[PDB]
Amino acid sequence: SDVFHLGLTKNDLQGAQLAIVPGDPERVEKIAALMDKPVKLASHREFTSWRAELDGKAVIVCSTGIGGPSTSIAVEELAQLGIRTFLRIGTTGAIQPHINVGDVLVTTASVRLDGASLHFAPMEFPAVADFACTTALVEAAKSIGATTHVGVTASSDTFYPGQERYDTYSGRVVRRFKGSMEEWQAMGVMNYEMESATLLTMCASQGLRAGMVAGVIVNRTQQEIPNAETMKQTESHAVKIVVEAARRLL
Amino acid sequence: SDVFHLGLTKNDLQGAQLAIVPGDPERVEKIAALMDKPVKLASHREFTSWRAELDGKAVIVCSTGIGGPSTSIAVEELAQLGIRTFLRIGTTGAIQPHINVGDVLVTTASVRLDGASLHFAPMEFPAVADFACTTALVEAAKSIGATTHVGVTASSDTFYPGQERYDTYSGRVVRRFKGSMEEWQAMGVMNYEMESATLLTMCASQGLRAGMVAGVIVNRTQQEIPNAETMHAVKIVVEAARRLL
Amino acid sequence: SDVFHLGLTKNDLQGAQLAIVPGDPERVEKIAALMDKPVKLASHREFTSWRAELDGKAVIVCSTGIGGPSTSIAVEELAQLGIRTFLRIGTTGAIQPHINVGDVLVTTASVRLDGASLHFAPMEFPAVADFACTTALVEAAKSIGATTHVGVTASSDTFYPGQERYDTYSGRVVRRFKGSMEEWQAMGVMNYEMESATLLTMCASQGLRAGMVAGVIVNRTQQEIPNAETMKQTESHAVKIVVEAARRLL
Amino acid sequence: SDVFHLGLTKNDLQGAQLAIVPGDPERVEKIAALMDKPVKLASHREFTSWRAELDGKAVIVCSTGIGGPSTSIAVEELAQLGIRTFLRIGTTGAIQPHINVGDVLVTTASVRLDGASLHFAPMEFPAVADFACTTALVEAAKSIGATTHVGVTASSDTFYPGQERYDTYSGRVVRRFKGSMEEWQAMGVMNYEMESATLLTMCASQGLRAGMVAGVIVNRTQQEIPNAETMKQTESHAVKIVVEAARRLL
Amino acid sequence: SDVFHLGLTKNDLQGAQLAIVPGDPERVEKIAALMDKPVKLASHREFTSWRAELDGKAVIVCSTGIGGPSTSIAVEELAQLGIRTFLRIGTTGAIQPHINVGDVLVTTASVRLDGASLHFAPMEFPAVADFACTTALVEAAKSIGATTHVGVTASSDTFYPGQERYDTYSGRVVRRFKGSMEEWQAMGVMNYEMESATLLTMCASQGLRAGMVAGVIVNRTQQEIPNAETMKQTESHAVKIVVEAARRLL
Amino acid sequence: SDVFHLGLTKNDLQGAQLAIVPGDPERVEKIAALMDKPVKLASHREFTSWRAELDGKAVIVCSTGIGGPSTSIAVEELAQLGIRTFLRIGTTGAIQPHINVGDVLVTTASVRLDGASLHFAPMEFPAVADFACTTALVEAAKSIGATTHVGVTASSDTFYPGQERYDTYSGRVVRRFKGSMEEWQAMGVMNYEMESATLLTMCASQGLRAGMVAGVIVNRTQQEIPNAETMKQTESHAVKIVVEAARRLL
Ligand SMILES: Cc1cn([C@H]2C[C@H](O)[C@@H](CO)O2)c(=O)[nH]c1=O
Ligand SMILES: Cc1cn([C@H]2C[C@H](O)[C@@H](CO)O2)c(=O)[nH]c1=O
Ligand SMILES: Cc1cn([C@H]2C[C@H](O)[C@@H](CO)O2)c(=O)[nH]c1=O
Ligand SMILES: Cc1cn([C@H]2C[C@H](O)[C@@H](CO)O2)c(=O)[nH]c1=O
Ligand SMILES: Cc1cn([C@H]2C[C@H](O)[C@@H](CO)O2)c(=O)[nH]c1=O
Ligand SMILES: [K+]
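Chains as they are written, first to last, in the entry's author numbering: chain A, 4 to 253; chain F, 4 to 234, 240 to 253; chain E, 4 to 253; chain D, 4 to 253; chain C, 4 to 253; chain B, 4 to 253.
Extracted from the complex, chain A is given alone in its bound form:
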């Protein structure tokens, strides 16, 4: 290894310059099944990394974990290697009523409701995804025809207070997030995620490229529990897109 947290070498890159970065470690493999010569690298703490070929060209897939902090570490060290491109592919809950459950969302920029973004750029700097990577997502959805909309995504640090989830121990929410739910709704914000803003701020301001795709588990306005575990084939429907987006980048 050359690097502390990832535990990988420059030779482990395999010549690759691009990395796909999902949040769940056990879904890194799900991506690797759609690629050639799947080779594992390491799985420590939250971070699980994999090696595979796309069109036979080298590409790495590594797990970020939960939140900016965990994400901030991997994205940095992959770039240490280094990568020039990152792909997010996170699971999310939508806050817009007109959007249905199980839809795929491309994000242009992210609301900095996190604190991890401030480490790379001041609050004024927009958490915006790279145009090349952004285009790729819709262009990958162009082939599939997935439900997709254009809009902004909220990126909170906390699961419960930040997204305004009340069935909790405290049952309390600070003034900042008091009425935050519809605050983003009338703003046109599509969903609540936790990893985007950090990544996007980390990339745009460090001369790096990144895109953002998300699969809806549930609409926060709607009442019915997601149709699990049948609808999970649609989780691959976002997976098949993010994979396809890596072609057209070569």
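No lab work stands behind these hints, which were simulated from the structure alone.
Among the hints, a few may not be true.
Below, a list of computed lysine to any residue pairs in the SDA-like style, where the Cα atoms sit at most 25 Å apart [to be verified]:
id: 1; chain 1: D; residue 1: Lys181; chain 2: F; residue 2: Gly174
id: 2; chain 1: B; residue 1: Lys235; chain 2: A; residue 2: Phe7
id: 3; chain 1: D; residue 1: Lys145; chain 2: E; residue 2: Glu142
id: 4; chain 1: D; residue 1: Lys145; chain 2: E; residue 2: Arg250
id: 5; chain 1: D; residue 1: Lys145; chain 2: E; residue 2: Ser146
id: 6; chain 1: D; residue 1: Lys243; chain 2: E; residue 2: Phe134
id: 7; chain 1: C; residue 1: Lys13; chain 2: C; residue 2: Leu252
id: 8; chain 1: E; residue 1: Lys181; chain 2: F; residue 2: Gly210
id: 9; chain 1: D; residue 1: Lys181; chain 2: C; residue 2: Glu127
id: 10; chain 1: E; residue 1: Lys13; chain 2: F; residue 2: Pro229
id: 11; chain 1: E; residue 1: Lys235; chain 2: F; residue 2: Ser4
id: 12; chain 1: C; residue 1: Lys181; chain 2: D; residue 2: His8
id: 13; chain 1: B; residue 1: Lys181; chain 2: D; residue 2: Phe180
id: 14; chain 1: A; residue 1: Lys235; chain 2: B; residue 2: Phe7
id: 15; chain 1: C; residue 1: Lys181; chain 2: E; residue 2: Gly191
id: 16; chain 1: B; residue 1: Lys235; chain 2: A; residue 2: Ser46
id: 17; chain 1: A; residue 1: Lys235; chain 2: B; residue 2: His47
id: 18; chain 1: E; residue 1: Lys13; chain 2: F; residue 2: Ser173
id: 19; chain 1: D; residue 1: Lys181; chain 2: B; residue 2: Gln188
id: 20; chain 1: D; residue 1: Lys181; chain 2: C; residue 2: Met126
id: 21; chain 1: D; residue 1: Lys33; chain 2: C; residue 2: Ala45
id: 22; chain 1: A; residue 1: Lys13; chain 2: B; residue 2: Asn230
id: 23; chain 1: B; residue 1: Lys145; chain 2: C; residue 2: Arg251
id: 24; chain 1: D; residue 1: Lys181; chain 2: F; residue 2: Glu167
id: 25; chain 1: D; residue 1: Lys43; chain 2: C; residue 2: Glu29
Computed from the model, here is a short list of chain B residues facing chain F with C-beta under 8 Å [stated by the list, open to error]:
id: 26; residue: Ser173
id: 27; residue: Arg175
id: 28; residue: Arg178
Here are a few chain B residues that sit away from chain F, every Cβ distance over 12 Å (derived from the structure) [claimed, not checked]:
id: 29; residue: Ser46
id: 30; residue: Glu56
id: 31; residue: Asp58
id: 32; residue: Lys60
id: 33; residue: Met184
In this text, a Cβ means the ideal position worked out from N, Cα and C, and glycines have one as well.
With chain A's structure known, arrange chains F, E, D, C and B with the ligands on it following the hints.
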């Protein structure tokens, strides 16, 4: 009138839902030079408007004037009229050596140095331009085929200090902005302009689509004066407007 | 020419170090009708300036336009030329009931609800009008029997959201300003304008003299926006008052 | 005893609509020694209240002590009594070498480097003295013949680090104030004081007239220290001014 | 001789390195009366410093007065003299219903509603008391047999607005502080005080030892207002605590 | 399941109300291996929970992961179970030269350079550890006889910028974190970790007991770098103190 500042009416629009927004009152008619049938409707104060048609459909061009505040006035009222699309064209100051004079820059998002944006959405909210608009903009600059680069733009609320200019009467700059342009170098900001941050935040936070495009008459790193006053950005706009039209 | 936006040279001032700054360019020539030997200089963009003389000395009246940015440019640009004293005439709407239509308003300092002011000084540094500029206005407001109000005024970055006008496309006002005029009302703030705080800050922090005067055309609280144009000769009051005040500093 | 901290009532006021409010418990009597019918009232903690009259009308001289918080309670409780006009006399440290030792300073506005001001006004609201109270201070300093400088005075919440003195026992300065002092003088800040901003905003905030004047004690730049022990006649020189301004202000 | 404000020369403390710092100047001595060889040191402004012997070893008692600003100077000017431990005792306002009059409250760390603290360390930096100093406070309070609670205290910069006192001259509380007491109460905050946070912040950031113990004369949720002598009786009950607390730290 | 991320049930607790929560999933085993009846509970995502018994009482060791957001979720879910006591143990970086390699760190309060803590309490609120947990933790270190330090801890959202690390791709960090380590160097902060301020704030706000103990696995400041490869003795030596403290809070 319907509104207190523009002086436009519902008839003036002709069901127009797209508006081009430059910064110069004197270049509004200059934009209609590639458009069809110009006719003037109201030219009050900073805002000069010329009704025209593109492909048989109503289009308007209205100057924002200089600054976020004045721009917000245009966009809001134009929208009240019934416009949801806004394409801004102007000139900027480049920060990158690979960018030359004569090259057009397109903005993905704005560094919100301004304060008018805060009236639409808090600092945490990003200042992004519409992807449908952005696609057209990039696919118009290549449709022209001029040297074009895409990235982030810093939108100051002031011309001199906010863009770190020391040639001024004082020659001093606040700490936040003292050496900030150098800080902006590594952040990867292409250009400086003064209207986007308010424009993009007010549109993204109201469910409105807006595009941003600009040419370069000066590079901040470049210590050179532009060739004299005859030496794309406008033709692109109409073409960019054509796509979503 | 020396500058860029105004496109003028110092010689055009003929040794003038005083400038009047309105928003409306068409008013500029109307203002210079109260001074003598008026000479037009240029109308590049908003920034319409004019050459006049009062009491033997040269006087300049240059337009800025709505918004601090516009103000900041001209006021900066007039300085290197260069004016050292700045008096602003404007058109405003008050939030206090006792202020009726046809009132002349003078401000001691301004609420920094803007962002342009922040480029000259932190949010702590007050945007205060210079005493020599303030007293002359008051001394002039009392003479011609004009209705005078002295105090603090709010300076919004935006016209519609900032001054709390809900009758707009969206029909919503952001949290920060949702209930903002409720506060200013009880603070004793006089009137709503857009250019005062910025001008004062850049002058008080750069060692310059700044005056501020405006005319009432509408009341925010009072149900009715008054009949569009009839009586606002009040501008004459507002312009007469600033003219007599301007003569003194010379 | 309506008040909790002052230990007083109107009954001791008595019938006064003006309050002179220095920041030194000891000096209160010496101020009242220039006032007709001087009557001691009470001395509790920071507060030291005397009753007297000037030109036939009642005047209140009560010490606020050191600090905004100490000032703030005094204002609330006096105005409860209540004063509409508050006049503070003080001693300050000059940061401008262009200002000479032994002069008098009249403050139009104060940089709110305190925390108490935030309790009465958002940071955007300026800390400005009323036009009437400020003009008489100007006139009085002329009327007595003291060298007058009028302007803006930085109002810190601490004596050592807030006014940029590395002579702290630790010998360090917080980042927010590191290099702040040389940052203020170029902006035109005349001196350093500690209580005006609190008085200025809340009075401007609460509905009341306020004036500020203070005696110069020492210069930050000038290496000449005030002579012991009666170079503090500068306060007495300024004391001539506070009463004379009060003599016109009622 | 030897510092500016206190006016104390260092031998006058007899090498003492710990100082009890109550806020009431004429209430300072009743604490110092329990220690052997009670000696007045001096009385400048609000500060009445006493020197005493604990275990026959020298200890100091100084007045802070009202507010962080005035408190900051004392602790600071006490620091050059060799004092590195400061134990603050005063009257506070509880906001939790379960805490009733006669109960003394020890504070571990404080909600910094102050301004003075910000001059030593950023808002990110906690206003926390020393562990060894804090154990002792309750370690003595229990010995006395006092009803004592342990937790967090909100520390305002103003008596009234910051503690959301409603019946005031204008009867208004600022937008920032509208309903803050309810926030702190639900957040688990014990009491209200004006001086700890600044004392806590500096000493924690200056590398000093700091303790906070206070007697409740009033609870805020409590519709009541402190009634002598139960309040005043409990003061000695708290004096005995902080005095006994002083012996351990010496 | 009842919760979402952990997938735990209150029966798996078996009436446990206390929890040791290190970030790493792998280590958790060893923490329970020194406890009695080591029972693995569930192992999903980054969150591996275990159930143990010490002193006859039910105890729990669950992994939180890296950074605030995940830490917020785990503590939230665990508290819903519900745990009421949280003993955080992790690795860290020494910023004080005197704090040597192999030293145990006890934290009273933490510097909030994180963003998740803003979601439970405004930045004014201190990220302070509960005294009961602290004392138990401190006295545990006392019982063992291991090098220990008591103090303040910094908590960044991000691993590299927030802790002043240069060797990254760009090699740059935002101005906010410029020489910020030197700030803490002088202010007296002890170490660098990524999780505490969330926990401390979360619990105190919530509010509930929590504790933090940690171990030196690096000193950036001292010339000495830590050895490879399992040299970080403290991690096992520090958990001995926390499991000792775990045995005491019951
Ligand atoms: C299910 C869900 C996940 N997330 C976040 C938690 C994880 O960090 C991230 C997984 O990519 O998505 C939310 O923010 N809200 C949600 O409703
Ligand atoms: C000359 C110049 C103008 N501008 C903008 C600011 C104004 O909006 C407008 C003035 O011509 O152009 C820049 O942003 N950078 C520059 O270098
Ligand atoms: C009429 C009116 C003007 N204004 C501002 C707009 C102008 O730019 C400013 C005068 O320069 O007054 C308000 O803020 N509110 C109003 O009601
Ligand atoms: C000597 C001096 C006093 N002061 C003020 C603070 C106090 O209010 C008073 C001295 O106690 O004068 C300053 O602000 N700066 C100074 O240099
Ligand atoms: C090496 C190192 C790790 N850590 C922490 C961060 C993570 O929580 C954990 C795993 O690296 O250790 C530090 O805080 N500072 C350091 O220098
Ligand atoms: K303008």
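Evaluated hints:
1. D/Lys181 - F/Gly174: holds, 21 Å
2. B/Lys235 - A/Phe7: holds, 14 Å
3. D/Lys145 - E/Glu142: Measuring from Cα to Cα gives roughly 18 Å; hence the hint holds.
4. D/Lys145 - E/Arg250: holds, 23 Å
5. D/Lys145 - E/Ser146: holds, 23 Å
6. D/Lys243 - E/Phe134: Roughly 22 Å between the alpha carbons, so the hint for D/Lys243 and E/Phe134 holds.
7. C/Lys13 - C/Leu252: holds, 21 Å
8. E/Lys181 - F/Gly210: It holds: about 19 Å lies between the C-alpha atoms, which stays within 25 Å.
9. D/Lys181 - C/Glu127: Cα-Cα ~17 Å, so holds.
10. E/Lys13 - F/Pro229: Distance of about 23 Å is within 25 Å: holds.
11. E/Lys235 - F/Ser4: holds, 18 Å
12. C/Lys181 - D/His8: Within the cut-off at roughly 24 Å; holds.
13. B/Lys181 - D/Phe180: holds, 15 Å
14. A/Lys235 - B/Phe7: Distance of about 16 Å is within 25 Å: holds.
15. C/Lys181 - E/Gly191: Since the Cα atoms of C/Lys181 and E/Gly191 sit roughly 19 Å apart, the hinted pair holds (cutoff 25 Å).
16. B/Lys235 - A/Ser46: holds, 21 Å
17. A/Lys235 - B/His47: holds, 18 Å
18. E/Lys13 - F/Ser173: Cα-Cα ~17 Å, so holds.
19. D/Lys181 - B/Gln188: holds, 16 Å
20. D/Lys181 - C/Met126: Cα-Cα ~16 Å, so holds.
21. D/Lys33 - C/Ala45: holds, 21 Å
22. A/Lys13 - B/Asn230: holds, 23 Å
23. B/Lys145 - C/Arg251: holds, 19 Å
24. D/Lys181 - F/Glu167: holds, 21 Å
25. D/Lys43 - C/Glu29: holds, 18 Å
26. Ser173: Holds - the Cβ of B/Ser173 comes within 8 Å of chain F, reaching about 6 Å at its closest.
27. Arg175: Because about 5 Å separates B/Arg175 from the closest Cβ in chain F, which is inside the 8 Å limit, the hint holds.
28. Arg178: holds, 6 Å
29. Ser46: holds, 35 Å
30. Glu56: Per Cβ check, B/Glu56 is outside 12 Å of chain F; nearest 46 Å; holds.
31. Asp58: Holds: least Cβ distance 47 Å, greater than 12 Å.
32. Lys60: holds, 44 Å
33. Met184: Holds, since 19 Å exceeds 12 Å.
Figure legend: structure checked against the earlier numbered hints; every hint is met.
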